[PDB]
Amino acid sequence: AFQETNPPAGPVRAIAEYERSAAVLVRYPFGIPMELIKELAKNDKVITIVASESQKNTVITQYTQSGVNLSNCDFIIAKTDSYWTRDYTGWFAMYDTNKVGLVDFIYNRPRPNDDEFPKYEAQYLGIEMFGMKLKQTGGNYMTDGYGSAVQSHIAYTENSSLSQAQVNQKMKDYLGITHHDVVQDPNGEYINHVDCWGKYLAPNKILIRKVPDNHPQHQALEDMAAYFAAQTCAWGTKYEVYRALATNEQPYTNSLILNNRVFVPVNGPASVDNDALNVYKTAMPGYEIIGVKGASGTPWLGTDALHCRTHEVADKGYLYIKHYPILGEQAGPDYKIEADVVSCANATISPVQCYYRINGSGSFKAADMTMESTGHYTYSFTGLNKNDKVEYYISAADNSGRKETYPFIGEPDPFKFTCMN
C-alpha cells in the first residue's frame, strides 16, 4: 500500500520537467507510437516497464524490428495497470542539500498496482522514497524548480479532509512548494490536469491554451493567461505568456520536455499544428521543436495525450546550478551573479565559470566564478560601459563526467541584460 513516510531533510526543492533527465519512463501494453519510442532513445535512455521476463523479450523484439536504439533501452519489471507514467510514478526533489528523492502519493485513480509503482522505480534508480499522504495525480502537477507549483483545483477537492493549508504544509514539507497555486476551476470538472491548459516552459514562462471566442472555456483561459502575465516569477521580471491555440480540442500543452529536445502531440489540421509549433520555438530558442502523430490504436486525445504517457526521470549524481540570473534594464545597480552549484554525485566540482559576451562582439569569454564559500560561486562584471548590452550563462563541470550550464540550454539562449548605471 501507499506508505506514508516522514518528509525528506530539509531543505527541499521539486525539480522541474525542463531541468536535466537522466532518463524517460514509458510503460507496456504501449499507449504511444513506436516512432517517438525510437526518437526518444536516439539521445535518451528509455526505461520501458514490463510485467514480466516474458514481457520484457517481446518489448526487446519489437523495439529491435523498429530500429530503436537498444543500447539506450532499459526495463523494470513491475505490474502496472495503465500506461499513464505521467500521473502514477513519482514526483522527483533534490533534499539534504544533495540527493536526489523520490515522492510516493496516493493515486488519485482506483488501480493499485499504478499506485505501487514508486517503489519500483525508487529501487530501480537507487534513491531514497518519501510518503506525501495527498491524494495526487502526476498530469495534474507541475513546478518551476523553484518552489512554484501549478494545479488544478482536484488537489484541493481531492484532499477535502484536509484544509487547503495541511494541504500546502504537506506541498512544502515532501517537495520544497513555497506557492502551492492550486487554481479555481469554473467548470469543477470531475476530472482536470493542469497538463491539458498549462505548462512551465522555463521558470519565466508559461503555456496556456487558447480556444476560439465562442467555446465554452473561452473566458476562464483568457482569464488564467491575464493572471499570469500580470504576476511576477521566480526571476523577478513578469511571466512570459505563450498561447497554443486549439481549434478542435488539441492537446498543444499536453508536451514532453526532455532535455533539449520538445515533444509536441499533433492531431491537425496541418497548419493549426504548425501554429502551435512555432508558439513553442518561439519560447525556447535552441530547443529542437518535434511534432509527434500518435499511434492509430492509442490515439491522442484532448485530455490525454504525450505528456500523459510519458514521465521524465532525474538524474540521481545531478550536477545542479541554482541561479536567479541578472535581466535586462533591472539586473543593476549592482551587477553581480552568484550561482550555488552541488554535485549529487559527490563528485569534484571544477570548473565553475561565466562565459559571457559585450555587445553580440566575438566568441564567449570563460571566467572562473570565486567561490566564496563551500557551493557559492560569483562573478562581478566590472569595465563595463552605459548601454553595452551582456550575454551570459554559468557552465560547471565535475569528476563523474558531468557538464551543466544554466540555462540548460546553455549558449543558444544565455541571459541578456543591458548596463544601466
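Positions refer to the first chain, counted from 1. By rigid core we mean the largest C-alpha set that fits within 1.5 Å across both forms. First, how it differs from the form deposited in another entry.
Only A331, out of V342, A331, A78, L125, shows a C-alpha shift of 2 Å or more between these two forms on alignment of the rigid core.
In a rigid-core overlay of the protein, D275 has its C-alpha displaced by under 2 Å between these two forms.
Core-aligned CA deviation for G188 between these two forms: 2 Å or greater.
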Second form
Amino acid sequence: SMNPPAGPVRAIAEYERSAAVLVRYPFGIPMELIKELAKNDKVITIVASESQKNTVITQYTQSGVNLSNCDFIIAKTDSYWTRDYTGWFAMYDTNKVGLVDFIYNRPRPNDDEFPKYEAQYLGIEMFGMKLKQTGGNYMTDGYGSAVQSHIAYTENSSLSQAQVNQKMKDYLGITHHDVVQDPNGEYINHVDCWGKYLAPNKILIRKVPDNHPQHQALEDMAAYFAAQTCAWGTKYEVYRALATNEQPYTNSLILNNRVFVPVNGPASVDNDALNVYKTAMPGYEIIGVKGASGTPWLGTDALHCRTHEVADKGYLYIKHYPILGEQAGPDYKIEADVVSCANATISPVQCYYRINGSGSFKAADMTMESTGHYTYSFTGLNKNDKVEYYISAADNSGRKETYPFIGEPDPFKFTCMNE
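Could you switch over to the form deposited in another entry, since the one displayed so far is the form deposited in one PDB entry?
Chain alone follows, minus partners and molecules.
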C-alpha cells in the first residue's frame, strides 16, 4: 500500500535480536567472514538466478561453510552494498515486524527495488517512506532516536526539515531525528564511517591524530554525545576508535552476541580498536575481520557497508526503561512490557538479580498487572545495597530473550538510598 504503518511504530536497532544477516553475490566480503557468520547465524545470500545460487553453494561447500545456516533470495541487484539499499526494520501495530523501503540515493534501480523481494521472502509487510535515504547513513537506538549525517536533509531539499522529520516519525516511529553535519570531510557522508550506537546508552565515535584536519570536528562530535542524555536517562558512554591511517573501525556489524570489526593494519592499532569494543561491550564476542584481496576494506566502505542485519518477524520484544544509579526508594519497582510477535503464550517473565555482588543471580517471577505489562518490586533492601539485575522472558514458540540483550554479563546497576 501507499499508507504508513498502523501505529505505534518503533524502529529496531542493530543490537536487537537478528534472525539473519543479508549479503550479496557477486561478493564484496571475504569467504572467511561468511564462514564465521554462518557458524552461529543465518546468512541470506542475494543471487540473480537459481544457477547463481548453485554456483554460490559450490563455493560455500568448498570453503567449509555451515550450509544449515545458508539461505538465498533470487533477485536482481546492482551492488554488494546491502547496508545501503535493503529495507529498514520497524515494529508496528503493537506486535508486528515490518520493512520500510525508501528511495536509494544512488542511480542503482535494482538495488532500489530490492526491498520488495526482501519483504516477500521474509513474509512481512512493506511500507514506502518517500525520502532519499541510505542505510549506511542511518542508525536507531530502538527508543525512537536516529542519527544521520546532514545529507538526510540536503538530498531531500524539496522538503522542509520538519517534513523530513515527520516522514521518519510516520514510517519508523522516530521522535528524535538527530541530523548532524558530517565530521569526516569525505564524499560519502555516512554516519557508519564515524559513529555507531553500541547499546541504547553507548556510542562509538571515531578519533584521529591531533594534526588530522578532522580532529576537532570528531572531538566536537564526541563531546556532543557525552553531554547528551540517552534513552535510559544517563549520559551516553562515549567510546573512541582511533584511526591512525583511516581504518574503518566504526564500520562494524553487531549481530546478536557477536561484533564483526573490519581490520586493515597495523596489527597493534587494530587490536587497540578491538579492545575498545571489548571494554564497551562485556559479554559480546569481538571478532577482527581481515578484508578480501579483490574487494578490500576502505575508509569509506567496509564490513558494515556490505552487510545488513535482518530482524525476527516473530520477535519476543521486551520494552524496559531501567532503574539506574542512586535511587530514592522506598519502593524499587521495575516495569517491562513483553510482546510476542510470534503470537505465542509468554511464560515465564523473570527478574534475575544479585545483591552486593556475590554468589549467583537469583530469579524472581514478575507480576503481570495487565495484558503484556509486568512489574517487580525489590524488597528487603538496606541503605547503600547495590543491585544488579536484568529481565528474562520466554514464549512457547521457543524464543528466549533478555533485557539487556546480552543479559548477565552487563546487568543494570542501581543503589538503594532509602531517602
